[PDB]
Structures are given as structure tokens and as C-alpha cells.
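The chain that follows stands alone, in the form deposited in one PDB entry, written as C-alpha cells.
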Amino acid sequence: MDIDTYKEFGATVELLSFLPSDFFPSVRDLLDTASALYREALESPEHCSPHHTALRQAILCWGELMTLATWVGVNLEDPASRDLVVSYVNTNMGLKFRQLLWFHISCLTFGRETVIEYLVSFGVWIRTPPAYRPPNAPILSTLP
């Protein structure tokens, strides 16, 4: 049906692939961040935000992928093929989910506009030669 989840939030897969895949934190770390900062609101019976809804759906989808993959690896005979599957998931869907969770957590925490400006700025930065840029990478911070 050709749908982009980021398009409603003013983003795009093109805009998030603008950042390196070695940038987005791990799914464990992001799920922990969420459980810590917005558990009482994700488990809540309220449409608190589109970001909340999307995060719920995304956490559930990661669970549906991990369960399938565990059942699979259990069935497969070769731990080698098991690790091949693991690499495939972690590099193909793991990245998508890292992007998704990062985007939505970051938005809830800082601001959608803040996060998009951060995307463009960090992309231009990491693409710019070091001698002609600020030496310290950008970062998002609630601390003044």
C-alpha cells in the first residue's frame, strides 16, 4: 500500500537513513529507556499521543519478530545458520526498529521539530570534513 510510518510525523526513511546505522542505540537500551520514562503511559488506556500508539505497536511487533526467530532458531539444526538468521534480522529489521524507537522516544522527550533539526544537523555534520566543523558531535539534551 506504499505507506511511510515517519511521513505523518514529518520525517522519512530517507531522512533517517541520512544518519549512520552505527548511530542508533540498541533495541535493548531503547526498550529500557521506554520502560523507564513512559511505561505508565504506554500501559495506560489513553491515546496520549500518536508517538505513544506507534511505540506500543512497534514494541509489540518487535516481540512478534523475536518470538518467531527464537522458535525458528530452536528448530534449525545448525547454530551457524542460526547466527546467520540473527545477523539478518539484526541488520535488516533491527535497524528499522532502532530508527523507529529512537525517533518516537526522542520525539516524546525533546520535540518532533527538535529531532528533525537534529537529524539534518548531525547528517550534515558527519558528512562535513572535520577541519571545517565543530569538533564535538551534536547531541540532544534536556539539561540547560
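Whichever C-alpha set is largest while still superposing within 1.5 Å between the two forms counts as the rigid core. Positions refer to the first chain, counted from 1. First, how it differs from the form deposited in another entry.
Among the candidates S35, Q57, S44, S81, the CA atom that moves 2 angstroms or more between these two forms after core superposition belongs to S81 alone. Relative to the superposed rigid core, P134 undergoes a CA displacement of at least 2 Å between these two forms.
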The other form holds:
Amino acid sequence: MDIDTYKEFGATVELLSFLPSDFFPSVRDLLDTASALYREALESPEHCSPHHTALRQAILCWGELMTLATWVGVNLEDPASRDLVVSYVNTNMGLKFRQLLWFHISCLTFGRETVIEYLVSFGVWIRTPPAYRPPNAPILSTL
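Mind pulling up the form deposited in another entry next to the form deposited in one PDB entry we just looked at?
Lone chain follows.
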């Protein structure tokens, strides 16, 4: 159906395509962040925000993927295929999951405008080669 996860929020896969893989914390770290910061709201019966909605749905998807991984580890006889499926799930799907968790948590924290400006500036920085860009990337922080 050609749907973009972030077009509804004012971003675009081509905008977050620049952030590397080493930019996103682990899935456990991002889930702990989401819990400690917005658990009372995600477990709430209210439409608190589209970010909350999408974040709930993504957490449910990841839970079902973990269920799949456990089922595989328990029900597959071939260790090669089992490990291959589990590694695919974790690495590749969690890359997208981390991307989405980061986007939504960071937006809820800072602001849509702030996050999009950070994305533009980080793209400017990461497109520039090292010989002509500063060595320290831009930084989004509450400190």
C-alpha cells in the first residue's frame, strides 16, 4: 500500500536513511527508556499521542517477533537455520525497530521541529567527507 512510517509525523525514510546503524541504542536500551519515561501513558486507555499509538504497536510487533524467535529455538531441528532466522530477526528487524523507537521517543522528548532539524544537520554532517567535516557529530541531548 506504499505507506511510510514517518510521513504522518513529518519525516521520511530518506531523511532517517543517513543515521548509521551505530547511532541507535540497542532494542533493550530503547525499550527500557520507553518504559521508564512513558509507561503510565503507554499502558493508559487514552489516545495520548500518535507517537504513543505507534510506539505501542511497534512494541507489540517486537513482542510477537520475540515469540517467533523462542518458538524457532524450541521447534527447529537445524541449528544453522535456527540461528540464521534468529540473527535475521534481531539484526535486521531490530535496526528498523530501533530507528522507530528512537524517532518517537526523541520526538516526544524534544519536539518534531527539533528532531527534524537535527536530522537535516546530521545529514549535512554525514554526507560531508571526514576531511572536510568536523570530527564530532551533532548531538541531541537534554543536558
